[PDB]
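Based on the hints, put chains B and C in the right spot on chain A.
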Amino acid sequence: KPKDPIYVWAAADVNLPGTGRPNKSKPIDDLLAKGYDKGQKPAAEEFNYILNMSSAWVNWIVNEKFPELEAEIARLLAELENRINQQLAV
Amino acid sequence: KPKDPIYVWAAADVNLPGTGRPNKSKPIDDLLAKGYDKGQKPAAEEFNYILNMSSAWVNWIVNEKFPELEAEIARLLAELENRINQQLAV
Amino acid sequence: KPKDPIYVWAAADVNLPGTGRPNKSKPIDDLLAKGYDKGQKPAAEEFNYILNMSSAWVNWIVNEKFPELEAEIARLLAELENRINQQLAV
Numbered sequence: 003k004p005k006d007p008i009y010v011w012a013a014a015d016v017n018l019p020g021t022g023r024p025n026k027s028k029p030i031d032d033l034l035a036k037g038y039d040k041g042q043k044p045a046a047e048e049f050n051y052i053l054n055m056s057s058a059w060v061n062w063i064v065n066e067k068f069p070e071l072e073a074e075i076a077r078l079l080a081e082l083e084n085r086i087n088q089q090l091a092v
Numbered sequence: 003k004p005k006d007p008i009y010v011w012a013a014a015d016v017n018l019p020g021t022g023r024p025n026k027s028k029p030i031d032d033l034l035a036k037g038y039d040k041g042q043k044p045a046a047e048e049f050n051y052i053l054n055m056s057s058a059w060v061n062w063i064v065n066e067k068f069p070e071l072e073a074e075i076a077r078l079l080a081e082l083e084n085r086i087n088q089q090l091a092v
Numbered sequence: 003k004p005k006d007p008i009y010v011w012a013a014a015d016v017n018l019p020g021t022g023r024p025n026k027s028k029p030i031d032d033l034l035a036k037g038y039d040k041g042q043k044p045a046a047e048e049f050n051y052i053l054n055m056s057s058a059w060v061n062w063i064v065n066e067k068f069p070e071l072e073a074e075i076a077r078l079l080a081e082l083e084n085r086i087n088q089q090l091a092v
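Heads up: the sequence lines are chains A, B and C, in that order. According to the UniProt record's numbering, the first sequence holds residues 3 to 92 in order. According to the UniProt record's numbering, the second sequence holds residues 3 to 92 in order. According to the UniProt record's numbering, the third sequence holds residues 3 to 92 in order.
Treat the hints with care, since some could be wrong.
A pair holds if it fits inside one copy or across any two, identical chains being indistinguishable in the list.
[Claimed, not checked] No farther apart than 27 angstroms at their CA atoms in a straight line, the calculated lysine-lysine pairs in the BS3-like style are these:
id, residue 1, residue 2
1, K67, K36
2, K5, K40
3, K3, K28
Bear in mind the hints are in silico, worked out from the structure with no lab data behind them.
The following block holds chain A by itself, in its conformation from the complex:
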């Protein structure tokens, strides 16, 4: 298992001092469809955005989705048992 907590990249949403523009931006769809080439060069915004999206979704999967799915699993069984046992007592 992974040994360390999962940090987000460029978590904050602020204007960078060097640029004065938001630290993250969506890459243009055309670039997503194909990616970089020899001559083409990466921009800071897209670079930060990709890693930020990856880390944020990893958080949402690990620390959010599984815990609540487990809680729902337990709750479903508890409610089913209650419903059945009511009739059984009847």
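Frame of chain A, contents of chains B and C only:
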């Protein structure tokens, strides 16, 4: 939760005029184990391949495995309840 | 489903051949909150560390966490069915 739909990097596979090669190529396992070092500058194919990996698999997890899993658990609970219902009916 | 058998990037933990420092290092939270700015010089250490984190956390979820949850669901359903079966037999 994050407010952007998961976009798979380099989803399409095509030849790039700059390289003439497929947009994604598998890094040699030596590099996978090792990684980069100062002075190295990545080849576009490996970069695209890695990002496509990390994005496509998160997309799969979010949009295929879970929507399947909640439906499956719900159906399992419903079928167990149904069976107990036929058992009670008599 | 993705065709890629995901692999861990920089899975080996050794010092760099040209630099005595390790091949991976956690970026300072200062950078994690902001992201690379104009004119910054990315180091292979941070790139390798983040890719390692992402890849390891993806494959852990894919290969371990889901089979565990499925086995737990199956066992819970079987035991729950058995309880009511026994009680209705009584």
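Is it within, between, both or neither when you check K5 against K40 at 27 angstroms Cα-Cα? between (35 angstroms within a copy, 26 angstroms between copies)
Is it within, between, both or neither when you check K3 against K28 at 27 angstroms Cα-Cα? Answer is between: at 17 angstroms across copies they meet the 27 angstroms cutoff, but 31 angstroms inside does not.
Give the relationship of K67 and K36 under a CA distance limit of 27 angstroms: within one copy only, between copies only, both, or neither. between (31 angstroms within a copy, 26 angstroms between copies)
Hint compliance for this structure: every hint is met.
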